[PDB]
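Heads up, the chain below is alone and in the form solved without the partner chain; it's given as structure tokens.
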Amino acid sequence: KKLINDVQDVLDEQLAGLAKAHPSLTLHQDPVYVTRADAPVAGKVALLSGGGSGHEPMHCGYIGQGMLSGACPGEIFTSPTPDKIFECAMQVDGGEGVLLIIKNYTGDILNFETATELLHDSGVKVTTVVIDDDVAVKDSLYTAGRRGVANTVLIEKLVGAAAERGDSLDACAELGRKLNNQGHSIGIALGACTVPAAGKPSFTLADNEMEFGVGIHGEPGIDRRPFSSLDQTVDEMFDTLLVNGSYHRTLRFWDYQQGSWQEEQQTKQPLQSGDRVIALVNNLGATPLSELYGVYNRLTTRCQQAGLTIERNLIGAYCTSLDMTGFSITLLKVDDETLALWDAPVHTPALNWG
């Protein structure tokens, strides 16, 4: 049961609605991508992201002043192909370079890496930010690292304010990478999503089961455990953020000066007493907004007990998984300079403040 017409047409119809609804956005065709109406903006770093459809408002909802210059939607839960990304970046280059924000998945990484090389060869100054905030990893053989989830939104906003303020390409990439090392996420599901071309949900769950450590692509989580109460659920999530906070991994970034990928080992420290944070209680798609307030209520108690100070918050549907019933919690460690970037103007379909 989905509000769609023909299955071949679902995205054409939804992107048509997006363009008609938002005069500040330009829907480009052949290939299809979205940019701010006034892109390219001369003399500022352009910010680009993209990924599968089915995460609305991520990413097209974040295109506008103080956030993304453009976004490349793909098929449902499928990365965009290098051609969209190439053309989108060429469309938004304002003479100061383009920063690509890439969520850590195999498809996304491959496609965005391919476009990056293609761009550099056409003389576009470009570098990259990889997001890998989801702390839930199944104990098995593999490989893919940590997934990029809701902290992508917070980094997009903070790096967007830096770009808009007029920071250089390198300063913007450096902030994005630093913030990646300081943001932590975990998601749960009480019910699965259904992809239009399915006719049945991603997975099934008994009435007393939750899927713990879930992504954004409808995938089952790292395991099935009992669902007992909101407080218990929030408590296991918050505890996991702490115990899985420490993380060492190899990441690649495009070095445009040398025309090659620079590998780096990077370390995340866990959140500690005394840290100041931005909290995102993110709807995965079909949870009542009221329940998210109940989650926020418990989250503040656990933060207070652990010595964490929530400085700012976002509560709502910011990075979704179609019609999945569940939510995620993201905590991102900030300071005075980062808070000032948060409070800066943003004028997008999904986030607006002045």
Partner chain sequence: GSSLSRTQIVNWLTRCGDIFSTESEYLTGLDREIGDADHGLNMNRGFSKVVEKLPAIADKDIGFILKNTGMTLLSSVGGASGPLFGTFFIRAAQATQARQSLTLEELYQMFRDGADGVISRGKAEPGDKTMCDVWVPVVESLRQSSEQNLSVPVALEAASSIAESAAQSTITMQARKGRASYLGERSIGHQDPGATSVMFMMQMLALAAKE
Second form
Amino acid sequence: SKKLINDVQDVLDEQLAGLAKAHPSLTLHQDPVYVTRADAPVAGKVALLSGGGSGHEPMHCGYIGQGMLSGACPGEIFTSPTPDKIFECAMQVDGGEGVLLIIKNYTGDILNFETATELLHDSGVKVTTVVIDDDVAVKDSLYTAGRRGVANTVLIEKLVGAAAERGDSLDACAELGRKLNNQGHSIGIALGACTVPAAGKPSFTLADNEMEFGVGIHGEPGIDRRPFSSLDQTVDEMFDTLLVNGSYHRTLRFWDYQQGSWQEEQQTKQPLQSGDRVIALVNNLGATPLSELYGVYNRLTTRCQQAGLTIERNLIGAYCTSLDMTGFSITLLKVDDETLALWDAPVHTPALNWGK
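One more: the block was the form solved without the partner chain; return the form deposited with the partner chain bound.
A single chain, with no partners or molecules, comes next.
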């Protein structure tokens, strides 16, 4: 056990209250729970919304603000939020220019966000969707639910949040998100499992010379359990997998608000290649020392140089977590000057803040 909580039933109530208290810029709504910029609706801009289980803080509520999300729906711990919460939240933030839903690729997030997208359409709200599936660990979508949405969700929420703020249309926002989704690549490892508040045992156990390789964010085992030897070794295996699993083909559905129906879109990803420019995110999964993330970055820069990739920006820190998990993920998102311009644009959120 041993969590800083009171009664299990009240953990999210207490934590969300603390969030709203700490942040003048954030409004905590009740019955249904969700969170918005205190100054939403903002007229004249595409509204950006996302959501997912509690337990990945700061994703997503730490990203509510100018230049990023207009609101977010926290669900229960590791549990996709329900369609009524996403529906009410989107209604609340609608700025006359459409609402963009960013959805991480999990069966539950997909289905709930889909049910919600349709409710919005049926309410006259212009809306469409971007699906995030950056996690390369699950190599093949043929006989699986598809690749998971993990830390690249943050880089995409920022970039698309910048375009929405710049004044770009729903469509140009959506197309931007979907393009970025197609060239962003992540992988995570765990040295130790998280424990959910209702549990008293960790999600998996592990010997001192073992790691969960190819982990996502909800504490499931990864794609395999393999020996842990060193920082360099670990980072080398991860990086080499970013490259070999870089090729990916699958179908993602997006809402066609004109048709009023789901549009299958078969799309393929290329592996990152010599000459690409990237944003690197070295992401604490919850309980890795910042110092160790810098040690990870040191190695990553070497491997990038060797593979012909130029890191133009980086983030190093705790951006998309799994409660108290000991581990980290690496995300490499391919960019160009226009994407870099959106990166550098102002953002004012609890977790990310610069410019303006």
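Only residues modelled in both forms are compared. Numbering follows the first chain given and starts at 1. Whichever C-alpha set is largest while still superposing within 1.5 Å between the two forms counts as the rigid core.
Remark: with the core as the superposition reference, the CA shift of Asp207 between these two forms stays below 2 Å. Taking 2 Å as the criterion, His248 does not count as shifted between these two forms: its C-alpha moves by less than this amount when the rigid core is aligned.
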